[PDB]
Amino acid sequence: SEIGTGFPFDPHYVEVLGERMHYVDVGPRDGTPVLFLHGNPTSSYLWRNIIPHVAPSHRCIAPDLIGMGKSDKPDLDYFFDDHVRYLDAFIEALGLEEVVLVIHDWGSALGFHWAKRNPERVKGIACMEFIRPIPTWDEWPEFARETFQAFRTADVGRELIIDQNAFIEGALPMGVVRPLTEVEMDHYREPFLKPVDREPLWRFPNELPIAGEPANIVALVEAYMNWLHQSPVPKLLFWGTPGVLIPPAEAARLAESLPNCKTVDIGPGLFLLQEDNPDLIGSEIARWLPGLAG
């Protein structure tokens, strides 16, 4: 597939709530910008081979979430609400008005939550392996079930994620169909070389709305899934087999229940669909974008 391992983007940094957040910023500076939101345990690196399909026709902005990627690492609890506050302010610091969202994992919770609060400002949502309510563990795929249950068990989770760096060395390769190369692994490892900096990677999977907990995250996600269900905004939904957060049966269900939703099968896929078929994801987004103007 010739999947590029390089990250050939000029680094940019903007002051947000007294901290520096890194972001990619390429492509033309008129038109509607496309805002790329990664999740755990990733960063803007996740979008490296999708962005070139879009940059020719649209501005691409891809921030690194606070405590992740090349962004500053303040001493926060790194709950979802921390991420909401920082992204809201990133968005304001960049003077963005209307945007198109391209989102994944916790980047999708952030995006969908920002959309619900600012519906008039989002012209489209491209999403994949995104956060929805997981009412039973039974719907979490077997192969990844014990991994995440352990992440969420008291003290054992921290030892795995902070001490063994398990999210990076274990969960991450598991969530990619193809074998990641060492070069790719080293980019992903980069922000988390020091154990103490791995805090956001532990808090996040403990924020996942699974089996009713944490209750506040469940309610928030349900609220944005309800907004999404009601919203006429154009939607582009990428899915793989068997997936992780989004099983093929869930995508098919959403294909019918979500208004103005086009679904796209990337082929074999787990968690980081971007790593398995970035050419289809990129080119489909690029084809879909011009229609957003009406």
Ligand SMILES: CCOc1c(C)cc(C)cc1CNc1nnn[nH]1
Second form
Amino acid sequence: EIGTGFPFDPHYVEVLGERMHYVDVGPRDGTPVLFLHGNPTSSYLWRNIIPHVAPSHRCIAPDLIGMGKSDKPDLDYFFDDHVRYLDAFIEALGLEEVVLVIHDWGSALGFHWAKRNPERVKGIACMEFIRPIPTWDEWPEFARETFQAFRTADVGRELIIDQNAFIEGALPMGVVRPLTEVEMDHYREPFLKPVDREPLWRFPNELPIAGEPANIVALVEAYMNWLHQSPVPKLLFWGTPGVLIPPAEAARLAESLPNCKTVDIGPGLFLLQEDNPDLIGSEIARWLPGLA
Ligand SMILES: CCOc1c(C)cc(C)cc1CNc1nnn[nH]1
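Now show me the form solved in complex with the named molecule; what you just gave was the form deposited without the named molecule.
Once more the chain from above appears, this time first in line as the rest of the complex follows.
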């Protein structure tokens, strides 16, 4: 009863010499809602959320470079590669003011973009977003050994690239209900060839955990500082027990982030969109009219 289909016409735009695929539905003009997915997903992640928003608002949901149906350039796929390509995607569409609905590395992208263009963002809805993790102590045990293994050049690449462990292992573990084979196949699709799994490996290696990578730590601290100061309307979805944003961190953020409404989505881990897309979509639709 959670839709497995992806009923959106493909759109492609030429960005820095590569084609990037994106969803584009709703009204053809006006403030768009920009959906940014993270690892190891694609615009597919928003398939059940978009239909709640698209009646009233243009919806745009790109596949990040090297992911989903986007082209696969021979890049190192650092977070900085993702920044360059998303910045260029936004301009290629000539987007002006936007609302962001962001998740995971998409949240790192969203917040980083919002910090650099504060006058162009009308609101931010986020869930399970990237914040600095001071120590492995704070990383949930059930996945601690796994992610520490991910974050090596030898064992980590063997797991993620050669064994597709991020897709076959971490993905379904990040969802409370069991993903169906049909859903898994949509998610496996961009990564059928081991060669195409570079971004899947570099991404966990970019997580700001115990002060490394230093450049990502400083960058994520900068947008966290910007968030605690910014009057931008915020909608924060959180699950129980959650992974990146546990119930107690949500509660704190509700107080320390200005203009921040929170929504309890019930049981949830990493991919909150795969556990309760109905409430996330409906709560976004309810939130939008209050923006403008
Ligand atoms: C407990 C670990 O949580 C995760 C779980 C449980 C599943 C997935 C797919 C991802 C993560 C982590 N998020 C992530 N790793 N690299 N880029 N984003």
